[PDB]
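**Student:** The chain contents come next:
Number of protein chains: 2
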Amino acid sequence: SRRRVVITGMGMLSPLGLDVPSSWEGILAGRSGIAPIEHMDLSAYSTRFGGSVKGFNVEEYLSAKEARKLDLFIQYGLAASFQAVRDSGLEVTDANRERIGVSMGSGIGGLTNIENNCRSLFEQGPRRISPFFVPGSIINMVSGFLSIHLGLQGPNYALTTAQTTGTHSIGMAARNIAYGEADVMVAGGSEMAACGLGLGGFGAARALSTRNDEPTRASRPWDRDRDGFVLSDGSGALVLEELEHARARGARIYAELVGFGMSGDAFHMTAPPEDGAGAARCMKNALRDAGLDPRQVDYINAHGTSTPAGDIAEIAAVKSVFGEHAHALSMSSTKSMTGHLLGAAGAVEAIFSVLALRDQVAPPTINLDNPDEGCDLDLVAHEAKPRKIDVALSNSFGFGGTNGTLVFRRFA
Amino acid sequence: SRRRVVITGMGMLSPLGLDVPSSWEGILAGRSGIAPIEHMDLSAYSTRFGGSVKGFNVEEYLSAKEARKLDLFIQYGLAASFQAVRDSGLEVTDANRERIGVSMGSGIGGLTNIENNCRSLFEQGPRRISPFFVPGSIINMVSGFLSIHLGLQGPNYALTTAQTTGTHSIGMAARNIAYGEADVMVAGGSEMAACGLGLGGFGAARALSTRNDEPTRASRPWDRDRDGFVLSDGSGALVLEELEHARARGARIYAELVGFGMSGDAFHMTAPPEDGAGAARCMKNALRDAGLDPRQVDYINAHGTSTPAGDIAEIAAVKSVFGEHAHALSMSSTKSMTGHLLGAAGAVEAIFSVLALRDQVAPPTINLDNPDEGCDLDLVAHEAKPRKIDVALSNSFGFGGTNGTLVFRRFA
Ligand SMILES: C[C@@H]1CN(C(=O)c2cnsn2)[C@@H](C)CO1
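Chains B and A are the protein sequences, given in the same order.
Numbering of the first sequence is given in the entry's author numbering, commencing with residue 2 and proceeding in unit increments.
Numbering of the second sequence is given in the entry's author numbering, commencing with residue 2 and proceeding in unit increments.
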């Protein structure tokens, strides 16, 4: 058998806001967090815009001195995590600290730190590399620093599954609790790759929208005029908790995590198969895990990156899985507003899926002006749609053909 | 209910050999793989030696056209994975490809590739960044490329827990199989951090031995004259397989994976606590997981990094866990010979633990000329010790206070 897992705390930094409620308010209003990137000469770059976190104050969380040791992606991870633990009301004690763990991940990790230390190295040689370069740049330091700060002695690890990281981190944390390896986990992801290396790296693959004249219209999932994804920064953290543990302390439960699916496409390094066979296996795995019929799904938070082949693969996968129910569910890409937070995408989109359940509303796909060939599902174009949502899916489909699906259900 | 997990295939690149048998012959002969580094000019660095893979031929595994796109850590990971799969005798079919997954991790991933593309960005511009920069550098792409080449459609992910990566990857892959998420997993880790940023970064932390004039004597775990770890490159992969699945196809079984432990120190970003409290909690978790009396433990492949604080913390942990039995078991650090393969350390050392079971021999801790204060266990100083080994334990500890323990035993 298996224990039930509930969500009792959420935290976030996104292009829409410095916490969950501000980000969510932007989502339901169809606001874009996309704009030209500042304090950087992007003259020679083919993309000059993305989703930056605006007005982040790390000194609300850490001393200036501890913040100087950590890459931005680690700072963002810690902010989301501290928000989530505070939101949960959880009290860490000597009696439970061995039962509380962390799995906060990243897709690309410390590019900003790698950049600034390469500068030192190339200009001045290796003796000018920061002593904290390694511990301050590696992806497991969100989990590391969080565990040290809060005294968490439970499972301590980090996933890195590129654009699937957040979804996998949450799913595998849910497994830790379900199979009795932990009673509580902080899980999700963080990313800051809106540096030269991220813009330059994705730019050289020609994977980014180049709609520099109108950055807010760049991210347009399933629209016939999409030309690639928008690079964005931020973090998402959830407090996952065994149900009886949540009930005993009188926690506020947002939703239940009922299903987790994984699959591999085994197809291509960056592109999905046209029919999204892998994404279909992954969703079917997640519904089987939850013991749910495809007919019971009401809302899907799509991966919906605004890549030509990715968006169309997801339509095919949803039609394949849901058959005569594919048109009755609502599916939206909040990446139309947030851009693509890569490893943090699945974390912020799990939070948006939980809030869709709490508020009984499907977030919009903004910029969906002319749906492409066969994009004829309910994609919640332009404006938020109040509706019945008992079951929400959140999908992530990343480089290496790695797939994750989370299934959340209303809790009463 | 929980299924049994066996090892049916193993693969390796190490400083001692281009496969498992050649690496193991070096381990048993007390041979060092440590030498001045030849692939770059280290005259400005305080450490100029490490464990390099010597004469790696990627054209034993991959077309030169493909290899040119991939960081060395991906090449090394794919080579070890290919070896492990061939060694298993497993045939991938339409009937089982959904049940076979991959979890190959890395501490740092494609630092060489990121450094080289940062040089292009700074000296020329973004137009000179490689189109293959992201899929050739990010940590999840061993799992990705392996799945694409062999057609593995099962769980596809990657851990990054610094120096604990290989142990966590293998343990969590075993849990996947134990709980029914997969029947077969390819699991382990790979690392190639021997570039300017890696040697410079660890150098800036003063974490490395600076014994440049006697590289083979630099790695001296528990020796009173140790002065830091020796940086090494390579990969380990194991094919983990559900027991009945292995029995049904007549697989050769090397050993059974009976126990997996994790814990967080919640102590310090980089320093292990002197009392080894987190390592002790981790080993106790693993022994309880394996249903064992601690007196059953015959052999411990120590983390044994040759740091002052790391080596003494492990003695304290082993004494605390095993009490008087700590004087009867054998504990050795193969890092005395291989150096520290970081995220790959746990993977090669899991392989060495299994071969310790197959051949009934404890590998030596070379260079243990003057055991330090309180390092008075059987540390298999200088020479391999033939002995009875029914149960072998492999320990890993990493930055962020992250701990892993694997427990293997003979299969009958
Ligand atoms: C493994 C796939 C295919 N590949 C090749 O270089 C290749 C080699 N033989 S046929 N194609 C790159 C696109 C990497 O991803």
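These are computed hints drawn from the structure, not numbers from a lab.
Treat the hints with care, since some could be wrong.
[As the list claims (entries may be wrong)] In silico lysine to any residue, SDA-like type, Cα no more than 25 Å apart, as pairs:
id, chain 1, residue 1, chain 2, residue 2
1, A, 70, B, 125
2, A, 285, B, 295
3, B, 66, A, 268
4, A, 66, B, 272
5, A, 285, B, 100
6, A, 70, B, 45
7, A, 285, B, 152
8, B, 66, A, 2
9, A, 285, B, 243
10, B, 66, B, 30
11, B, 285, A, 66
12, A, 285, B, 246
13, B, 70, A, 310
14, B, 386, B, 182
15, A, 320, B, 95
16, B, 66, A, 272
17, B, 285, A, 97
18, B, 70, A, 268
19, A, 285, B, 96
20, A, 70, B, 113
21, B, 66, B, 150
22, A, 285, B, 325
23, B, 285, A, 270
24, A, 70, B, 47
25, A, 285, B, 116
26, A, 70, B, 116
27, A, 70, B, 95
28, B, 66, B, 113
29, A, 285, B, 93
30, A, 70, B, 93
31, A, 285, B, 150
32, B, 66, A, 360
33, B, 70, A, 151
34, B, 285, A, 151
35, B, 285, A, 310
36, B, 285, B, 268
37, B, 285, A, 320
38, A, 285, B, 97
39, B, 66, A, 270
**Student:** Each hint: holds or not?
**Tutor:** Structure-based check of all given hints:
no.: 1; hint: A:70 x B:125; result: violated, 29 Å
no.: 2; hint: A:285 x B:295; result: violated, 43 Å
no.: 3; hint: B:66 x A:268; result: holds, 18 Å
no.: 4; hint: A:66 x B:272; result: holds, 19 Å
no.: 5; hint: A:285 x B:100; result: holds, 14 Å
no.: 6; hint: A:70 x B:45; result: holds, 24 Å
no.: 7; hint: A:285 x B:152; result: holds, 19 Å
no.: 8; hint: B:66 x A:2; result: violated, 49 Å
no.: 9; hint: A:285 x B:243; result: holds, 23 Å
no.: 10; hint: B:66 x B:30; result: violated, 38 Å
no.: 11; hint: B:285 x A:66; result: violated, 36 Å
no.: 12; hint: A:285 x B:246; result: holds, 24 Å
no.: 13; hint: B:70 x A:310; result: holds, 22 Å
no.: 14; hint: B:386 x B:182; result: violated, 39 Å
no.: 15; hint: A:320 x B:95; result: holds, 23 Å
no.: 16; hint: B:66 x A:272; result: holds, 18 Å
no.: 17; hint: B:285 x A:97; result: holds, 17 Å
no.: 18; hint: B:70 x A:268; result: holds, 17 Å
no.: 19; hint: A:285 x B:96; result: holds, 17 Å
no.: 20; hint: A:70 x B:113; result: holds, 23 Å
no.: 21; hint: B:66 x B:150; result: holds, 15 Å
no.: 22; hint: A:285 x B:325; result: violated, 52 Å
no.: 23; hint: B:285 x A:270; result: violated, 40 Å
no.: 24; hint: A:70 x B:47; result: holds, 22 Å
no.: 25; hint: A:285 x B:116; result: violated, 41 Å
no.: 26; hint: A:70 x B:116; result: holds, 21 Å
no.: 27; hint: A:70 x B:95; result: violated, 49 Å
no.: 28; hint: B:66 x B:113; result: holds, 18 Å
no.: 29; hint: A:285 x B:93; result: holds, 22 Å
no.: 30; hint: A:70 x B:93; result: violated, 46 Å
no.: 31; hint: A:285 x B:150; result: holds, 24 Å
no.: 32; hint: B:66 x A:360; result: violated, 52 Å
no.: 33; hint: B:70 x A:151; result: violated, 41 Å
no.: 34; hint: B:285 x A:151; result: holds, 23 Å
no.: 35; hint: B:285 x A:310; result: violated, 49 Å
no.: 36; hint: B:285 x B:268; result: holds, 19 Å
no.: 37; hint: B:285 x A:320; result: violated, 49 Å
no.: 38; hint: A:285 x B:97; result: holds, 17 Å
no.: 39; hint: B:66 x A:270; result: holds, 14 Å
Hint check: violations occur at hints 1, 2, 8, 10, 11, 14, 22, 23, 25, 27, 30, 32, 33, 35 and 37; the rest are consistent with the structure.
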